[PDB]
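Heads up, the chain below is alone and in the form deposited in one PDB entry; it's given as structure tokens.
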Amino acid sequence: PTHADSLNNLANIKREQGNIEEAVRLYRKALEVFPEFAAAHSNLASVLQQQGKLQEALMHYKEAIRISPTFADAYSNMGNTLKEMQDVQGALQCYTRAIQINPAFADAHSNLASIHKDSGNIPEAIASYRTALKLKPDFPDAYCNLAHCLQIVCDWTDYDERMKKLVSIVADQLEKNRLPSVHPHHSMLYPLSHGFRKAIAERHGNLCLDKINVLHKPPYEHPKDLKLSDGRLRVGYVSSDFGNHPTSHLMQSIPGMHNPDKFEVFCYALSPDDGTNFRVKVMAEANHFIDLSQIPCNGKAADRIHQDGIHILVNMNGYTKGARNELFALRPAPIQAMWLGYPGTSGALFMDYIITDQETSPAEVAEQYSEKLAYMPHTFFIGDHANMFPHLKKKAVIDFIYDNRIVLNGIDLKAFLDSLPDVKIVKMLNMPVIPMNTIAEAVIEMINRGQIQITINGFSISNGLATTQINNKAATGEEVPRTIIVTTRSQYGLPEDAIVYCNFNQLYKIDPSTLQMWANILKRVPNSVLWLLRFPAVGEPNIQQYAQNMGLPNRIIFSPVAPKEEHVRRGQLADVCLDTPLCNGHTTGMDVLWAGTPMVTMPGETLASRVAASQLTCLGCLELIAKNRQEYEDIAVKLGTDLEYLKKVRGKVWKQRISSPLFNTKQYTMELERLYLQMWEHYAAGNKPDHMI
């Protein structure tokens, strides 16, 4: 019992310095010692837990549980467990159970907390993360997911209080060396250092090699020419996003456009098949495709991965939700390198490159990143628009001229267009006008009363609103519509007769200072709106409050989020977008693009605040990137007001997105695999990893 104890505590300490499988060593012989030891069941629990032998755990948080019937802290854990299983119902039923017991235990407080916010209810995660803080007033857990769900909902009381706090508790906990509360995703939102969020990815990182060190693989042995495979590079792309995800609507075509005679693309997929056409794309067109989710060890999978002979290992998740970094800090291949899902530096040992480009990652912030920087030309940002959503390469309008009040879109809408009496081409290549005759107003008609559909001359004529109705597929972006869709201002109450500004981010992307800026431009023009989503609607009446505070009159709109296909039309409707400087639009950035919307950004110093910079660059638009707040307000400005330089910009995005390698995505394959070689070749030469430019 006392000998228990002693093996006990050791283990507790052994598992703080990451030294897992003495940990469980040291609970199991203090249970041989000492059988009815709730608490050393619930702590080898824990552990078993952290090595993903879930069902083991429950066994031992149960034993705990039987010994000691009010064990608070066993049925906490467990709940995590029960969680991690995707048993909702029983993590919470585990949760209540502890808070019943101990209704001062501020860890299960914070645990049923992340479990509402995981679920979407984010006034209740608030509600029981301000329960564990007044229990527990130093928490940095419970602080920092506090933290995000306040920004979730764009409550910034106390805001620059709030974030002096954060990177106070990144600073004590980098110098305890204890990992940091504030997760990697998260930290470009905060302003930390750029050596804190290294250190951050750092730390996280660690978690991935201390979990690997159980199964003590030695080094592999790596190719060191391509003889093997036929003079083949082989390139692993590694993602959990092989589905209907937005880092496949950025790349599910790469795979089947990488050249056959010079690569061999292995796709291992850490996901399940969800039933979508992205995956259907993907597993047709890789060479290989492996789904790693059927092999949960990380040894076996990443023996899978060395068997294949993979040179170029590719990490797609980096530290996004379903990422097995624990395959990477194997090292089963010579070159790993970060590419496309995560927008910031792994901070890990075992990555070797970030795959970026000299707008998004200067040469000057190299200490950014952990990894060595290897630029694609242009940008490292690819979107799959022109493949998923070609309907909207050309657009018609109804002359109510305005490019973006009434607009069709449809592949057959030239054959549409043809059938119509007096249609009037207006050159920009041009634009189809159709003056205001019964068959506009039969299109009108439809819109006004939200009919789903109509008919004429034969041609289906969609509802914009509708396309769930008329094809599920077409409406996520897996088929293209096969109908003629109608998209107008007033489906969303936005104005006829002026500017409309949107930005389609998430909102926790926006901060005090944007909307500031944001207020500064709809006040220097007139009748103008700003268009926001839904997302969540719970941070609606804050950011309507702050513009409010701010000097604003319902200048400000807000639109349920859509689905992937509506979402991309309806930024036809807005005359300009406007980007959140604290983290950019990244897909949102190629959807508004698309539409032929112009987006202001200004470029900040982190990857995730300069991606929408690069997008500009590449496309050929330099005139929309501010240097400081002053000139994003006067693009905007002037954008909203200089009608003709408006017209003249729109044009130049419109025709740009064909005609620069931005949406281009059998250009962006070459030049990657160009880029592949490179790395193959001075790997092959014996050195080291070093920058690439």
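Positions refer to the first chain, counted from 1. Think of the rigid core as the biggest set of C-alphas that the two forms share within 1.5 Å after superposition. First, how it differs from the form deposited in another entry.
Looking at CA displacements between the two forms with the core superposed, a shift of 2 Å or more is confined, among 648, 655, 627, 62, to 62.
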Given for the second form:
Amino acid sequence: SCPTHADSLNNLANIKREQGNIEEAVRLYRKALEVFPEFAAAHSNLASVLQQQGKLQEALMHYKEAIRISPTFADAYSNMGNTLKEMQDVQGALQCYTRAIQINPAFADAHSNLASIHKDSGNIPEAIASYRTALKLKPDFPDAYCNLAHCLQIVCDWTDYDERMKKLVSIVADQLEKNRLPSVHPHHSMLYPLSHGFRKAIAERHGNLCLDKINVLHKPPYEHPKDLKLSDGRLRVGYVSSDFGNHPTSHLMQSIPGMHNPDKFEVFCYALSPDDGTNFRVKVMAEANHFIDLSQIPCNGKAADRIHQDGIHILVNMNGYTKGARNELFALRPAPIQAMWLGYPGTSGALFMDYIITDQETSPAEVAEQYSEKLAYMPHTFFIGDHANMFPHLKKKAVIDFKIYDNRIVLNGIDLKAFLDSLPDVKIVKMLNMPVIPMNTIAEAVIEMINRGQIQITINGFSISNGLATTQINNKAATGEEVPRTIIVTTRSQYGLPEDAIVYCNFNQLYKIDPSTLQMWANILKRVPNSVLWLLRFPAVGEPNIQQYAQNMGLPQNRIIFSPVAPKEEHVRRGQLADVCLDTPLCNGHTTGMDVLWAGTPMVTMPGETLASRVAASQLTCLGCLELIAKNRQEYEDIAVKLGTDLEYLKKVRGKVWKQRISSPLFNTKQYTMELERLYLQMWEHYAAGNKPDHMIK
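Since we've got the form deposited in one PDB entry here, give me the form deposited in another entry too.
One chain, no partners, no other molecules: that is all that follows.
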């Protein structure tokens, strides 16, 4: 009955919580409430440890009570909001934050939380506004500061950049040492100059967040199989992803499940998300030996059960710390061997992950200390892409001569050859080899369709489509879900690129550019006097910010050209218009690397120390283009400048990429799968021999 008794129990539970014994903190809070049920703060505290435990349904009930007892409890509103957000009720979470701010206009956390909703929604300027308000109200606020830092990064606001980075590092350093959870997200940690040890520790601490959520399930260790007898001589591999659908991950690996050899492997795909109806999902479902929809099994215990019950030997985490992940599944440890693969470009930092599948160029042995996992090397690159299957219409090109350039007016199509054979005057320039249509009436009709902005025309009974209009012609083709069934014209004029200039492209999201990268590029642009730099409005608000810094570096406006973000197929195809692609050294083009190389566009890169900054080098090594890999800033600029100034060297390198992209192992998904299969069996033979995981560096 007694408020003082209950107050004491609350203090004793707050003590158990600090000592990390969550278990017992709850039992005490619950007892404080049984003594004095109208105890605002006990309800609030019980609620926020229930939230930690992932018991969201019940956490929310206690927050509601806390608010009922104490209506000015702005802190409780803000946290209730967080709970609603995690429950997918973004609408109602927003109402919590707004309602808190109204009760206490001075309450920083609610502002920061409101900013988070904005950030997630993609409205970045409104996210920035709120983060700044939070920081005005409470100037020492690591969560808000680091989130703001990432917003600013996203739009290329580099105001006080150097001072900002030093502060991030300092904030993280302090949080690690005081054992609180870092405010920098592991998926962002590659963007700031933290130590490698810090990056690993940030990941480690995100891994721990699962532990509390799985401990309340009280599950015993699972008993893993120790031979392949039950599974019929076949090794059972389970791919776990929230991205079996229209998502980069599927655009890279959709072909792999079907290519596993069924004599030795049984493939299980565990989808973490509902069927989005796209062909990517269709294909994996149809080709995996087993497809399991875990989105229907939202309890992590029952899902982990299902994995174990299927008898998986190697469970593959294709998500790391990206949206949709459910690492609780991996923490429950239902498979004897669990490997990170392809999806997340960094270490999990977690004890429940055994291997990271990588390669010698991406993660050389010198830097094995960056990863908590043991390195398991693929023989060439760990990276793969479905471009050979998705976009076969780009395996060959043809050009129109409008005066012999390989990238001014381009034609691709499955039936390109049959069309060209209907034409009278086609020259065949040697290298395969590239056809050149001369300035005819036919050439004139193609270029008039482009100029007048028309959808499509017919020539000799072949359909000729305007490259800018694919989604109107055949939307599934535009997305990469189908191969286009028409001939597609792609021209520089379409995107406002100068007909007679060296074009340097970078199609990544703008967040990957930092002030050094922009400096590097300005340097190249000054030295190659005709060049332009081709960038995307990704996102658009970044554009006026780049243009601004570009001018302080002394480049006129008309030297950097911005295009809108394109549908997948148009995006890949229009790389054919660039001369060279300059890769961001801070965080490489990954999927975007494969995309630009498929078009046969050479890419200059400067491999850093982090995984994310080494991928492009790795892709190029596998292609067999070591001359595009720079050791420093100076060498990067030099390679780029030579490529723009020496037109015979350009022609030569471009031709090398165009050929290598078929003949090397890079885009060869069958060979990749087989290599992955070798590496799986190695991992297994080792575990069956009774060993703990160790480096698989061959």
